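Between the sequences and the hints, there should be enough to build the whole structure, so can you do that?
Chain residues, written in single-letter form:
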Amino acid sequence: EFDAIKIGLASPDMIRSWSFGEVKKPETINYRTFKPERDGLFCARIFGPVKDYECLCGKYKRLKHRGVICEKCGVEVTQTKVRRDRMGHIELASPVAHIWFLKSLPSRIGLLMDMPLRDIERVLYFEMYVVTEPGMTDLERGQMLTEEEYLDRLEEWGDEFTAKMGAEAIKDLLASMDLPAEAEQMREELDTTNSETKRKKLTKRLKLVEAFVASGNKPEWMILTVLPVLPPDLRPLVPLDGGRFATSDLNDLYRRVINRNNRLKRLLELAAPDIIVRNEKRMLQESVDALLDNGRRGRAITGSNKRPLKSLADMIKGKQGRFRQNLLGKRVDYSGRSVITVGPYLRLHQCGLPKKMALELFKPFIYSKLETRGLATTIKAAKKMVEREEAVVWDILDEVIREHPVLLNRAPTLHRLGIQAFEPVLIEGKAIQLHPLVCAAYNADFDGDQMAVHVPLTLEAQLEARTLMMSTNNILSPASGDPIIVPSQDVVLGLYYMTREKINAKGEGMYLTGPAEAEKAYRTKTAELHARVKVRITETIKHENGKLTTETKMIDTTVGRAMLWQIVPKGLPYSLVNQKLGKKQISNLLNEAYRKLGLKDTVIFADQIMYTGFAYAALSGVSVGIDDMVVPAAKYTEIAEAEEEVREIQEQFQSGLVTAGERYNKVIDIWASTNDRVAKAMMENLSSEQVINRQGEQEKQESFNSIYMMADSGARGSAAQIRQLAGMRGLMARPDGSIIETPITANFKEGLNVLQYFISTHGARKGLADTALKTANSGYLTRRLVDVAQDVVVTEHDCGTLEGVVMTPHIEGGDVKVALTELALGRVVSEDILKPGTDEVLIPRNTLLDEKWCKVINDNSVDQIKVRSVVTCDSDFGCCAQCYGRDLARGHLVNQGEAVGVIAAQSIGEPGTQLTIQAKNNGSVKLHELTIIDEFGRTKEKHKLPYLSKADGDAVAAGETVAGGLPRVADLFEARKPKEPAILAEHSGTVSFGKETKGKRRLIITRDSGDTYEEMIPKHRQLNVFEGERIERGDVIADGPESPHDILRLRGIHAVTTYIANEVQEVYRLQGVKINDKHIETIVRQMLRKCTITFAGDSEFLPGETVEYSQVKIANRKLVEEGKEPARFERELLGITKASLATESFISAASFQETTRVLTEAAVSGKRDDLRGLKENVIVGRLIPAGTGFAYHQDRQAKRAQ
Amino acid sequence: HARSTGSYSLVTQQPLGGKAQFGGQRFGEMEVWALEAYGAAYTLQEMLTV
Amino acid sequence: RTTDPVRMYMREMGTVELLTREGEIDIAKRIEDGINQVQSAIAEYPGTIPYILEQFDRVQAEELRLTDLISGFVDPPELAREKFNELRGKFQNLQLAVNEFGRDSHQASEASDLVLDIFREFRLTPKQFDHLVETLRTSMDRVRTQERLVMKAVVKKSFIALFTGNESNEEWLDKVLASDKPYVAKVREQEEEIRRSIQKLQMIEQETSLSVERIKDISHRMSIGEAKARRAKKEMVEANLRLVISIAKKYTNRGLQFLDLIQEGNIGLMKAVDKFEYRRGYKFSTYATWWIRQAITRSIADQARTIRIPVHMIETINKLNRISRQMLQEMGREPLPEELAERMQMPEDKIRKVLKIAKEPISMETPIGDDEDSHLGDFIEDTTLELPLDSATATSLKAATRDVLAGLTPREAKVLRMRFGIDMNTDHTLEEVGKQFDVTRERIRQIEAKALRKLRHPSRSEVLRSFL
Ligand SMILES: [Mg+2]
Ligand SMILES: [Zn+2]
Ligand SMILES: [Zn+2]
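Protein chains in written order, with the authors' numbering: chain D, 16 to 931, 950 to 961, 981 to 999, 1003 to 1018, 1136 to 1374; chain C, 1243 to 1292; chain F, 95 to 170, 222 to 300, 307 to 619.
Treat the hints as calculated values from the structure; they're not laboratory data. One should not assume that every hint holds.
Claimed, not checked - SDA-like cross-link-like pairs, simulated, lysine to any residue; straight-line CA separation at most 25 Å:
(1) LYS395/D - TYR1250/C
(2) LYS96/D - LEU540/F
(3) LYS321/D - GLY520/F
(4) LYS422/F - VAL292/D
(5) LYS599/D - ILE552/D
(6) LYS367/F - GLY128/F
To be verified - Calculated Cβ distances over 10 Å to all of chain F for the following chain D residues:
(7) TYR140
(8) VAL253
(9) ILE316
(10) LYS370
(11) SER503
(12) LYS557
(13) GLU658
(14) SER670
(15) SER775
(16) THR790
(17) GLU818
(18) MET822
(19) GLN879
(20) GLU1168
Backbone N, C-alpha and C fix where the C-beta goes; we use that ideal spot for every residue, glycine too.
The following block contains the structure:
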């Protein structure tokens, strides 16, 4: 129907054209008949009939008289909904300035007439005159005259000049401007100017003038002469229960405007003193600005209930505004909500749905089927049968829900796994039964959590639920590629208990034909779960090439291990089961099954694993008791020793040998050591036991303590919690941050006393409040990332670029932080991977590095590779498939139409709550910094070189001595400037000292061309450069934190990409969160979207103008095709907020935040929105140009092409 | 709570909210982000429009 | 330095000095001096006196209101009849003097100023006053328009020379025709238009019988008198602005803001000044306070509610509030409507109607519960909507009745469609249903009744019975 949305100024003729009448009175409704008045705010002649196909006087009261305007009353006989569309207008007695175009800094009016805002308000508030027409007089346009001066110069000259006061004067000045002449004047002066500040001033003014002349708008339209009036049903006056009436504040604001307008019209007939008329004009202006935007001008007007009246800008903007409350999110039908219980009998694709909920949600479907198969003649028959709850209704409900998927959601929806599709199973009850293996994706625990259920209606939605959102498809985490359905808690505990090994268990040394006879022996009480036996195992291996090799052997195992092997699918080695199975082991089992067998086998295996784990955890009988918390006897003696030594050091302090700070520090150290030793003793006592073996001696065995089994299996608990239960609680922190000297020498078994509990509360409160605030901080970060990266969709297959990024293993000392296999798994090769020391092509270009090629690279010892990345792609909009590579959630190449930006934003934002020289290897030494490389050719140590045992190329043996998380990420993504940044060498050249000017110092550099560049350095700066040294570009002059803007300007795109990726991944890896770097690179690509033109060239670009980089690239390609001088640009790093607010679409920018500024700028510039991204199509209800809708939009892009 | 079709708001013409009003569940911004990440254009259009 | 219009307005009215008794006397004297200059200007018009004379002729016949004619008598129908007969006689002496003895003769001027003195002792109602001023104003504006059109056409010095006496005389036209300057050719052409223009002057002059000089002098005297009066009134109100704000201070927080009250009180001052009398010897503040009171009260009754309550109902509500006040304070509890009706001497039903009449509408943004994200306007239904079940029922009934009517012979089916309006814009009575083929009433009725009992037959009505 429509392809674009245009925005611009509203002329008085246009506002009159929108209107169906003029509102003349502040009347709303009658106090007896409750009918609208003529010429009021609810007039039926202006806005439409109150009743469908009726008129106020009631003469024409049927559809026979449709479209006939009644002569007695004037009401058109039509539908009532026209009262939601028809507008009105008010003809203002005096012109009024628009508040948005005046007080939204920078002032468009003030910028246009080149006068300060205070001057314009002084004219508007009726304090000073302004000359409109100077005439044949020394006076100039726009110069102020006070009342006295106006009188003297009126006596001096008379009618030669014209001076006015108020909004009328501003209107005449705006209408008298000759925009092209002013534009030429600014162009010439800019051609002959030197100051940079005046350059910026005239650049903005010229941009505004050019925008006005191009958009077709007229400046005088910023002063309103006719005011539009909103349709009544959007500001309703409705009867409430009990006879009370409810109204919108817009009614009060409009009534004030109309009253003051009528009073002004009356005062201009009963000719009145100029002071009174001036005051009334002031009233009219204040009322109009209050109606448009309350609180911007000054004191916000309040109602009879003493809170500010809500204006139109408040309707439009904010968290409660129409964009975010009703357009980007909605309440939906066919939805329900209930508490969630656990269904251990369910399959991965099934969810338990209560019968009453299904009856309510699927009611139209039930009606349809009852009408179709004939038990209901009409729709009220079906409704009555459903209400009476007959049996056949239940069979019909079963048949409708037979294979109709439903969508389950849990708030907060941190990532796309928070909504998934399941096949419903009707259950008796009122609670939704949820499969345990999906809880980790939902972050759902059964302590009162509630879930929402949605019913997809159309066939397309059903097939999207079955194919995309179904639980069996989403088993890999899109953030990292790891399985997200890994078992936890009782499943892990059962698989651990069944796979443990006991000495001298019943049935030891027995020979079993296979897993079946192990099961038979366990069920017949011949052998225990933990008996060491020999079992015949038939094992089939599926190789990388697909070879299936089957072979049988006798293996020394445990009965439980064979019984578990019974459910392991064919194609997997038996070594994966022949061990005690913790959480890591089960995760490895599932990951290997997915890597070597596929998806269906993986889901069946996961279901069987969870069933078996539950069964054998129930059979184990694991329980917690007070005797399971064994307190080591060494704790009391260690506490006594620490206390005695603390007495000794107190004595030393009393002698003056040591100071107070030293005493504090070493007391902290001794208590920390005591805590560590008590924890070690408790672990050693808890983790072992002595048993009698078959031959009769004593043997050491791993303990079967319930708490130890709980901690070691990885089900619940870690060493810290057992330390708190059976060891020592340790040092705790005072609320300011300081650490109290005396620790809590008690655990939770003997219990704390009053003061120990008080110190515990000190930190407990801090933790809870920190979580409460950090949740909101992370949510706001995730929002910001989503709006910056929302437009990134895979739009192509190959972009045909040769650029790429260089990837090497991460080294932050003497050990590798992460191998290159992890960094390269799933990325496409950009430059051919030659074997080191050879010219053979091991890996061709445009190849996806899967597991097998990763193993090849690991075997051939490759250090540095080149791969395509999102930042280096050349696609005009979005990215291509090769530059992104594998999509982690699916395991194959990324498909066309995937919203990679939203995935990246969700992946980064989800873990936000969890957020807060001696050589050690043998090899050679290389100097660049210091690098120690193994004999295989891999760089394994990277060390700094401050301004050495071995020189360059000298071999070094082992041991030789050559000689705050979330705020950081948020600050990094907005590209903040550090408080004290590093001073960096602007240009490559020879350093030289300069005149130490008072206040702060200056330095100079001589370039290769002999030009001298001056630098402004503060006094307190430990300069590193020395005179006579040729420092390269990118060198550090003053040490300190590095600003990403400087890195981009002086080093390049790759440098800033690497910097951002490394720091954010340092923060994430500190807390043990694994996120792939392609998401971060998508965000960084969205940071690099604007360029400032330095050389204007011949293209329609002004110097120093920040424009979009893709537009410049397209223009430069066109100009190169035309053989004309292309533009020279510098690229800018923009923060996620500033990049989001500077999008080409003003709909997305207005829906993000700062709605007033975006709307004002777009209206002045006459912007046009093409609805190219996701948010715009979400607002207008269209299909998003991503995923299933992608093709659709492409078709339109063909139709507009033809 | 469950609802197929019920009352609607006066101005926004959207389903009400709450059990007392027989309202509907809210499909907020994060849900729309999840549907966009999946690629379910038609389900999202269903939730927004019909 | 400030943004509140309140403080700027006080800055504006504080620059006017406060007046004393003698200041009020002097300003009133200036006002009346302007008023009687205007009245003397009106009196020097040949048609003005006949209008007053015929008005007196009608009122003296006991057919018109006496107040509408005159409002007072200046003293330095017991008396009105004698004064109007004396005025008639003095006017007749003027009429005799007008042209028989000569316009420049001493009789025509002496009787003229004596008629002026007689008319100065009259206080007319402002309505017909402004009517006469409007008539003279319209004539004078028309002569300005004609003169400016003539000047635009001709464009000089010759007209300036002959403007004093020959502005409208044909001697100017004859001399222009005789002139032979190089630019007179086109002017001579324009003379044709000017001829019509001067023709359009002629009746006006014989309507006035004053040529051009006399009407110009009358207009100048009128203008200077009105300007003097306006300046005096403006000074007076600029003085009393402070009394306006003082009195309007007492009616705040009643639905209208302070500045609206100030402006209404300002209108009250203008109306009070327009009808002030300093013969009565009272000060201006006493009279002005009453009018400003009226302004504030009328405005606050007419514009302080979203739903207007008429003025009489406003006083009813206020006096009910006061009586319930006194009863509550006299007995000690809220007075029941029966006792209130007894004290008001009004029926209890009227008391209940007044009590329930209209409390001010609540806002659709009132926070409900301890949430800044909750408003009352998010819980308001749309009761005008049609349930989708009823829409499906309407469609199903349409299909069912289509089938049942198709189970009929075409003639009766079409007759029923026309009589009930099925698939048709309008419903039709027996007349135009007959107009289909044969225009007969009872046959149409009997056909429709036969069709009705035929459809009532249990064999073809089960599909329709399900819609009950
Ligand atoms: Mg919970
Ligand atoms: Zn009517
Ligand atoms: Zn690419």
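Now for the hints, and whether the structure bears them out:
1. Distance check on the hinted pair: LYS395/D and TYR1250/C sit about 22 Å apart at the alpha-carbon level, within 25 Å; holds.
2. At roughly 20 Å between alpha-carbon atoms, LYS96/D and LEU540/F fall within 25 Å of each other, so this suggested pair holds.
3. The straight-line distance between the Cα atoms of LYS321/D and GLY520/F is roughly 17 Å, inside the 25 Å bound, and the hint therefore holds.
4. A distance of roughly 16 Å separates the Cα atoms of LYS422/F and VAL292/D; the hinted pair therefore holds under the 25 Å criterion.
5. The straight-line distance between the Cα atoms of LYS599/D and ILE552/D is roughly 24 Å, inside the 25 Å bound, and the hint therefore holds.
6. For the given pair, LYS367/F sits about 18 Å from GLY128/F by alpha-carbon distance, which is consistent with the 25 Å threshold.
7. In this structure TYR140/D is not separated from chain F by more than 10 Å, as the shortest Cβ-Cβ distance comes to only about 7 Å.
8. A beta-carbon of chain F comes within 10 Å of the beta-carbon of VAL253/D; the shortest separation is about 6 Å.
9. Against the 10 Å criterion, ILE316/D falls within the reach of chain F, whose nearest CB is about 8 Å from its own CB.
10. At the 10 Å boundary, the C-beta of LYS370/D stays outside the reach of chain F, the nearest C-beta of that chain being 22 Å off.
11. For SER503/D, the requirement that its beta carbon stay farther than 10 Å from each beta carbon of chain F is met, with the minimum near 35 Å.
12. Here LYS557/D stays apart from chain F, with its beta-carbon at least about 55 Å from theirs, past the 10 Å limit.
13. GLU658/D, annotated as away from the interface, keeps every beta carbon of chain F farther than 10 Å; the closest lies near 51 Å.
14. For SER670/D, the condition that its CB be more than 10 Å from all CB atoms of chain F holds, with the nearest at approximately 61 Å.
15. Non-interface call for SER775/D relative to chain F: holds, since the shortest CB-CB distance, roughly 31 Å, exceeds 10 Å.
16. Annotated as non-interface, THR790/D keeps its C-beta farther than 10 Å from every C-beta of chain F; the closest such distance is 17 Å.
17. Annotated as non-interface, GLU818/D keeps its C-beta farther than 10 Å from every C-beta of chain F; the closest such distance is 48 Å.
18. Non-interface status of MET822/D relative to chain F is upheld: no Cβ of that chain comes within 10 Å, the nearest being about 47 Å off.
19. A cut-off of 10 Å between C-beta atoms confirms that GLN879/D is not in contact with chain F; the least separation is 54 Å.
20. No beta-carbon of chain F is positioned within 10 Å of the beta-carbon of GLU1168/D; the least distance is around 45 Å.
In summary, the numbered hints that this structure violates are 7, 8 and 9.
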